[PDB]
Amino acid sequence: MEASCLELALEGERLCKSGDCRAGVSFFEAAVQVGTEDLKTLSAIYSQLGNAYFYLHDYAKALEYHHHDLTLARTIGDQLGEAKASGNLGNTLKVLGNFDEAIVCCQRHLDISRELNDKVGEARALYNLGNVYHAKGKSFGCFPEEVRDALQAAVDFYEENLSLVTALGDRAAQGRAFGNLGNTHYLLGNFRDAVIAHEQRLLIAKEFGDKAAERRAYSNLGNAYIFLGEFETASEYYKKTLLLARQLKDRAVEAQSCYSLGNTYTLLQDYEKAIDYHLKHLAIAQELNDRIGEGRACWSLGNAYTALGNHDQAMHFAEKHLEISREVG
């Protein structure tokens, strides 16, 4: 062996931290191959490999490695390690759609954190439980009681998280709680409360110079103001989102903000502006081969052109809408 288990694992850690989980996995898998009798080290390798696979969207392997970690953490009596493995299992189960199992795992992380008087772990588990319940609520077709109950549970967990990270003075974590809390209120139809939460999210984003969080807050504020009937205000927030979005490598962000602006201007009965924004979304949806998006663009454009009496363009987009609609039949 030219490198030891520990040496290989350390390189994997660094590669993953650097954003190259693919390369990191190779080093962790090399480390597991070499092996070690140090069970704490082995559990750390499994945990890191589980997270790397999670980030590479191999959720089955993520689950396998987080389970291997859980097994070892229990056998050596590493309570913190068991809590972490359980939280990781929960978050993996969440993405797989196994929400009720995710709840148990994430609650286990919470329970052990409390047993250990680990408030940082406790807070993180509360955030995770809010996230599981939020996604659970959406899985039931977001007004059905199963949706309302899960989303309300999400509010409760996010509020408990926010209290604890306020006690811990973790301002960036407060910002994250506010964002997810706001979007949960939004789904529940509590639009004023969504505005209150996203306003805090935005203030916190600005305190940190966090341009991504700022952009998210603008987008979510726009969304909430649409449902409050405040279309002009929504347009102002969506324009602020778009100013940032148009600079991003991920073109979907600009596309969505343009679609939203298109709809806002339709609601304001400014059909010329609506068309401008909808044409931008159409171009990007085509670039990204998003046929559902392209179809929705053609519908929105046809509606707007019709309102202006531009039947030549409206009918161009009717044809394309019909074509795409059959394709996505």
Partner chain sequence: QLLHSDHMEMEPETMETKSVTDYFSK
The other form holds:
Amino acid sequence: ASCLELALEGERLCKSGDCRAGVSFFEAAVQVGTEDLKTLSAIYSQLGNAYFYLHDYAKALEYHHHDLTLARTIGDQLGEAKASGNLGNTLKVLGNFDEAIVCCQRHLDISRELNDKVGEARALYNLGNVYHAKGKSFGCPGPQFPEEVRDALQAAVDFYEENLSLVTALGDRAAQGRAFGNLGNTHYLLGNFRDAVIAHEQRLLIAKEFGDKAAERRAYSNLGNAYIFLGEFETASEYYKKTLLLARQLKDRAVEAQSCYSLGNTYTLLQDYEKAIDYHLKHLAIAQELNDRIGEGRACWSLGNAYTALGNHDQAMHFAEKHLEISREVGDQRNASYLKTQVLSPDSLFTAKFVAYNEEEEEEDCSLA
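What would the structure be for the form deposited without the partner chain, rather than the form solved in complex with the partner chain?
Partners and other molecules omitted; one chain follows.
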């Protein structure tokens, strides 16, 4: 009634990049009420997704659960599947991987049963994400591997391949490229590097045939990372440079920094310690500009190593010591966990951070319009 009118204003506002407004309208909408439980389900779903977008994952979870419940009572299978998929993604963010699996699985099963192809795909992707998050959530999230990380990332791989084959036979490209990204990453972490090279190459190809802003940067980055883990230091450096150009255009201090750090790491591998020290210095200036103490510490360390390799004693001492203090802040030092004496080299790699970028969540949508 007015519930509908209100909800439509909310949907309009969210659509137009004003989530907080839209949410206040959805809240008024629920507060008024409707006997049309399909559209009430829509209001619940949209609220769920809006709160997700706003990084209030608690409310997100709640509203998606009401949506799920609702769907189930009125026996709306499709509603139930899409609500369940949103629940799965919310849970993934909250780190409840088991329920997230149960939920995204349900999404898939139902979507199959309803002979929905697009939906089936989406749920497959999500399952790949859940297994990717799960895989990363044990110890250090890098490319190196207990039986658990193995199982979960391998599972991730499979799901990424079911998805990939199926959005291959549906002629979705944006989808295929997202799956290629995340599959490149999952290979990357798994140790199967050439495959990662392949798939990353593909994701690059599609971000290219769309002209994707702020998302070419990331295929660059991940290619660079794989090459660094093979030996192609030089070419990787080129890639990261690209990424830094881009990032400094778009005004993102973050990927600016990470691009610098990655770069410096590459010239330290390239034995050009001067350019290395420069890049890591820029990263130091960005990092301490943003109250990023852990970043500041890692810069301190990398620079200490580069200076030491360069012959400069004083700067090495100073930076090593600053790094000590910064470590003392972020933890205990009665076991001296801060002290890492092995330097970055072709035989190390694991000694420095190389940030990789995963894609995104493909959410599930109800509309009243």
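Numbering follows the first chain given and starts at 1. For the two forms, the rigid core is made up of the largest set of C-alpha atoms that agree within 1.5 Å on superposition.
Once the core of the two forms is superposed, the Cα of residue 78 has moved 1.2 Å between these two forms. For residue 319, the Cα shift between these two forms is 3.2 Å when the rigid core is held fixed in the overlay.
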